[PDB]
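K.L.:
In case you want the letters, here they are:
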Amino acid sequence: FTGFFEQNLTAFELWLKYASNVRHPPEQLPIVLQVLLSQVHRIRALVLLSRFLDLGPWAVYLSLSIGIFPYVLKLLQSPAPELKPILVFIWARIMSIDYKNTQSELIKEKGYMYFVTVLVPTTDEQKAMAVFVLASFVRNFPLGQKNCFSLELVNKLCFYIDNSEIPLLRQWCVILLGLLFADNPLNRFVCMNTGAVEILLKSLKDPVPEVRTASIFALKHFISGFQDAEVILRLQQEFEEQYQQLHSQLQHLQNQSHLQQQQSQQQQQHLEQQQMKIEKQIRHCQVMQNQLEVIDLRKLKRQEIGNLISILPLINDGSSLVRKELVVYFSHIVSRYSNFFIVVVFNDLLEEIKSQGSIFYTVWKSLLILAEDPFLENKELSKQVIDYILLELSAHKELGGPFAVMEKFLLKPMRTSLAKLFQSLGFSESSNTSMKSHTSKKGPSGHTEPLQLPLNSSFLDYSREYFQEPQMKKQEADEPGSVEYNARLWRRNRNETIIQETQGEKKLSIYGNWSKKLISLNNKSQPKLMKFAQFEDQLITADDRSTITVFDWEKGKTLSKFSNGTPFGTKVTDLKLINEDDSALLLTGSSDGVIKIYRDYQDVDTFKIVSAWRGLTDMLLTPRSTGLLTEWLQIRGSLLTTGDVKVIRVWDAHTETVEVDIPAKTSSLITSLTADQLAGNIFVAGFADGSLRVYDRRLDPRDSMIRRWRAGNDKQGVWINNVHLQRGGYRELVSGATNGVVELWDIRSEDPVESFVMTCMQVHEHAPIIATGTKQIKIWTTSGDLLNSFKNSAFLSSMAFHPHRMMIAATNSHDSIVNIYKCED
Amino acid sequence: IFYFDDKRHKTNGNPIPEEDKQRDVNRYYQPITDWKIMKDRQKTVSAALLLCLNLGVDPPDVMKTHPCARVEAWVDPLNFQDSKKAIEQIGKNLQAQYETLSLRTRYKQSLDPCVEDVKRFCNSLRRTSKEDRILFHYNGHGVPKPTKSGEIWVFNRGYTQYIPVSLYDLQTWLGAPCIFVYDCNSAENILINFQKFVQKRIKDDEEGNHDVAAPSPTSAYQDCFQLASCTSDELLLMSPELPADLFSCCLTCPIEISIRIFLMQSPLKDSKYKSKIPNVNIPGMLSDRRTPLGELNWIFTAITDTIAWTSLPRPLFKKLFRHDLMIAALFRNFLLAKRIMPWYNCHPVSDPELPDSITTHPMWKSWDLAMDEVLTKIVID
Amino acid sequence: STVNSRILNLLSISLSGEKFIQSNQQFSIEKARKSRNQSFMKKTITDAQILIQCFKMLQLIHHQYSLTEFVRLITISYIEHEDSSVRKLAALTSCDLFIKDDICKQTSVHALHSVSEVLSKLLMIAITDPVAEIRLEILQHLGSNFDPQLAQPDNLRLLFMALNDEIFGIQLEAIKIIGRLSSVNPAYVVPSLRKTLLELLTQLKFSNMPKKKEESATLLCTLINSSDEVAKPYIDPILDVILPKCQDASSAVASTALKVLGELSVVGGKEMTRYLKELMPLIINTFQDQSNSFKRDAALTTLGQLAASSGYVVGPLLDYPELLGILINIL
Amino acid sequence: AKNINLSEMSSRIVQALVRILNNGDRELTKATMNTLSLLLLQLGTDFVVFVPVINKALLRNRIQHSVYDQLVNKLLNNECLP
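Residue numbers (the UniProt record's numbering), protein chains in the order written: chain E, 526 to 646, 708 to 940, 959 to 1016, 1069 to 1086, 1095 to 1110, 1132 to 1442, 1459 to 1494, 1520 to 1551; chain B, 39 to 312, 333 to 439; chain W, 513 to 537, 543 to 561, 568 to 854; chain F, 1111 to 1192.
Read the hints as simulated data drawn from the structure, not as lab findings.
Just so you know, even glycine gets a beta-carbon here, dropped at the ideal spot from N, CA and C.
Some hints here could point you the wrong way.
[What the hints assert, rightly or not] Computed cross-link-like contacts, SDA-like style, restricted to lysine to any residue with a CA-CA straight-line distance of at most 25 Å:
(1) B:77 - E:725
(2) B:423 - W:672
(3) W:728 - W:696
(4) E:732 - E:746
(5) E:599 - B:140
(6) B:376 - E:550
(7) E:1158 - B:45
(8) W:628 - E:1172
[Unchecked claim] A few chain B positions that, by computed beta-carbon distances, are all more than 12 Å from chain E:
(9) 96
(10) 120
(11) 154
(12) 183
(13) 239
(14) 243
(15) 257
(16) 432
Bound-form chain E, shown alone:
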């Protein structure tokens, strides 16, 4: 025989490797389809076919408009451990684009058993492919719900979600249960009894947010059922029919076997195993049939109302993804249990003008809490959720007159009528720490035009779209050479040269001058938040009006000037940078605890808000509030945040969960905080009462306190301007006070190391200097000796340094002019 097949396989390999940049047909596809028939090269042909299928949705379309579906159906019946991962990968690829037309071809010859036995008898990635295939089979296919739902499968699913490492299966198992809970009271009863509900309730608290959103999606599906009294009969009928049909087939096969022929080692020997296989299927049928009659819709409702209260504490979650999934779940709860909402809104807003007390009022208040989200789309999404309620009580048939009467109070018998509707659903029914805490600094003033009340949830389509990006080959921007790769290497070279030149020019600041001005800019307002970008030449400023402005000082240009979107009366209290090594992101922290992250801040046209949450919740807007005080620690990804709350919290970024809370053990406010950027375990905070304290995260939060001292020998509480630990050099802990006293301390020892002699004290990150803000700007050595003094032609607002170059920024109180001074020789 000829070597034509091998030659064409090699040609297809080269086309896959080096010629795939054009997305036109490969011209060698019928050959690799034809070689899929003989056990000489099926493994190699199938792996090249899967490699082709990896590229994208054009590949699977070309492979389906040629006829690979009969082949991949036919290889299911051939058993071999080596083909199993390749078949499951190919099927996972093929069912992620057109699952509508490929789900009825898997029920013909027990084709689901392949995926069922590769899941339940092989890496976790293979198991993830298998569970995705099963979920795509079950989606909107109630005939396949019957075939797929087995107790062994759900128990193995619970085992995997208890302990499987890779989060992809931790996603898809929860998705599979959510899809199995679609509309099936028998399935809901069985899962409740076997305790998958408890496991999926405990899986709410998990590091990655995708599985948390998946858990909320599954408990969205876990609503009991509106057409329950008819769907239970609607399932009873075909269980009866399947029982009758399989029973008739059993006696038909018995009459066939009663042919008065032994047929040893023949069809009879091939028939006894089918006999008790049919018997096992029958016995499964009456197991489900016996579980049917004890359904207890009341216990189903009780478990649902027990799940809702445990859903509630994820209001202070991390991402806007989980928040959007929460608001759509709340909208579906509004859709189902409408009349409770209708009877509670009257009482709540009449009391706002002037029964409640249930866990339902907690959800009603949480909807209003989500109505003030810091994200863009979530705000109008919650508004559209509440718009159904508004439109309903606008009339409520006979109630529109009373509603208007109590609506005229908004600018400034019916009791029994409202009370009667509570029992109408209380009868149909047939710890509780509501705790009602909310900073009510705002009030609800009462793109699609209409509103469908049960909202959609595109999370399933989002999760399905993951299976089109490549998996056997790394994606764009991470290849060994590309546009983004070349940009990354250019950025890396620039960081290297700036870092080297900073070490080269470190000593120039000791003996140089500081009295020369570089450039002055007009911010059209008084700025107090003032930050040079660490490496690239930009300058971020923020003022009272939450108007954030970006300057390019090299060209003396204004790049952007926008608004933070914070409500009036609050002020932005901190600006910081995220991922400074590759592409920085502006973090704006305002006195209301609203943390936002911005992208492309240097362009007005293409700026975006990536993420937004509330790291802190319990602060009270005092007139003397220090606001949101935050510090960054990149290696651990830690964000330490504090303010009017008596506890400094840590926020993680890889899990978006609160790792730990550390009490301040005082009653004063916090003026400053700093931490070590490389070791990432010791952080020092300076408090307005003149107390300098060192904490540790390695121990428990109760004894996280290590050491405490007082700045100066005076017993009176002296205000502290700033406490700083330098990143480089010798890392001298420099602490300044408003009386002019500046100090150099040690963490290990107790007595201060050095001291000498007020708006703010600033320290350059690598230059051994200390800058003191008075009517005359003074720059000193960290060893105490003065170096220079000049005037910024009142009181200074704040100074800052460019973190590597010797740029110092100055601005005066009641002044809109900001000056930059450059150190030279």
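Chain E is already provided as a structure; the job is to place chains B, W and F on it using the hints.
P.N.:
For chains B, W and F alone, coordinates are given in the frame of chain E:
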């Protein structure tokens, strides 16, 4: 490692927008919505093998050389005397060869027919197969060449006078689903005659409203497929090297004559096992795969599918190659005919016309090399 | 970097008016003459000397900066000035900017289509340029790193029409390129190799002119050396023509025929157990008693390949006890 | 060239015809233009490799014709009519 820069943060949870879906910029989402066949299968179940071969006498309209093309379906008419091969051997071999394409189709042949015979020979097939396809294979060599008015010829009981039959009456005899295979000396005449009779029936059934009583629905005559030997008024080849029914050999047994015409047209004819028709015997069966003959059939199937997919537009490829196996195999062989036959001043024709890149496609060289590789093993054995 | 950046900027402003950058934010190539005309009058026609001098450094002085982007200037500067030197030097500068691994063997979008574009442009100017001395070396300097990009059928189809060209050196190197590609993408190479082998074998015996015979014979030599995959099964047809080519038409045709025979023997090797008995008498017939004192180097070298490749070493003296008689007096 | 393909020998044919076209004869020009245009019909979209040198020689010798101009600038914007 860098944070706050993952898929969740850059996508917000929304899926890929549908308004951006169809504006394919990187050509990444090119769709084929109608990918799955609708399971509507027009099977072929019955065949008519019209073989108008009265061996010994020639038509009076075509001159002949004293040695002429006379072998028919690999059986010679001189080794058998008068009528043991006039039908009952040629038709037997032809039916056995047609069995390879589809074994689930029954066949029943023609004994040099007459009009009172092709009454039943067509109407029984029509009444026993309602909407399934009926194959019709006409071979004519003892028959005058078809006329421009649309007639073929058959015989009488005494085999004396050639009697005409109109293609209009023939298509009323049969019904809608056809595959017609012609082997006469000018088949383009009857192909265009059938085309214009079909449009005449369309016009008379639609506008004139005088619907003639036809056994099959009016609009279903368009599914009737046709394959024809000669593209114009150009005569076949009477050369005594090649068989007289080269088109039917192309459409029936591809591997055999394709190998033998490769032996005909090989630049080298020395160092080979020899009007000298070579005696190429290849071991194995068509349906096998490990045998050399089965391997040759397999590689032929692959290459003639690849050429068709590369050249043809997609709707025509779906209509002709994916719907049913019998028609797929016949057009697979027609792809080989469209290359082999034009080497001998005869151009085949199909009723759904095919692009002419088939005969100049570069991929045939690999098939030629495959024959060379197998035949080297044969000669060294 | 204080001086190399300056010389790169001088080269820039000489070629087209911008500054060499890798990726921060570039322009096209139309204002080259407008930028370069004021250049010489800023210090103080043909203008070939300035471009030649500016091109003579890109092949010589190495720069650690990114070096695969100003090829998009150089390749568009091919026919900027008509010459047998400007085009050749620009093409070889573009060819020497891609040697082993700069953007060549890394696989990604914008790391692969740039290579495809530059290789297509080089092949186009390699087969299009009328002056028949650019293409004797612009095809020759194609290193083995462009094989996965030019082995595709789209470039291969335009490549093997260079097998029939004017100068014989073009054919001699193009068939070697084809033989090298005969193991990269063999599905689209080997049948075409069979076709051209059959064409050459037909012409070698149906042609009647000694220079055509010469070209066919040594084309067969270089093909049989450059590709061993298309070699072995065709030994009988390729020997049935060459073996009866020891005539007296000229000495060179017989020498090249013996060269073909020796190359075929050394390429095949050890399957001539059923050719040696007929092969040895015919070669010793032209090895001894020459009618004219022709070039016997080929007659020596053919046995030099064939005896060693066959391994029939101690036998021939016993079967043919005359070769001692030839060897004693040939010296 | 109407009957036997010449993608194989196109380089030799075109480089032989260019030396004809370079020196003006005013009578052979129409015939050689017709022959090269017919080979363009035979070859098709692949003639983009041979477009620029032919254009350069034609612009040098100042020879223009309607059929060649129309079919070439239809070839560039992809509308081929035999």
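K.L.:
When the hints from earlier in the document are held up against this structure, which numbers fail?
P.N.:
Hint check: 16 fails alone, others pass.
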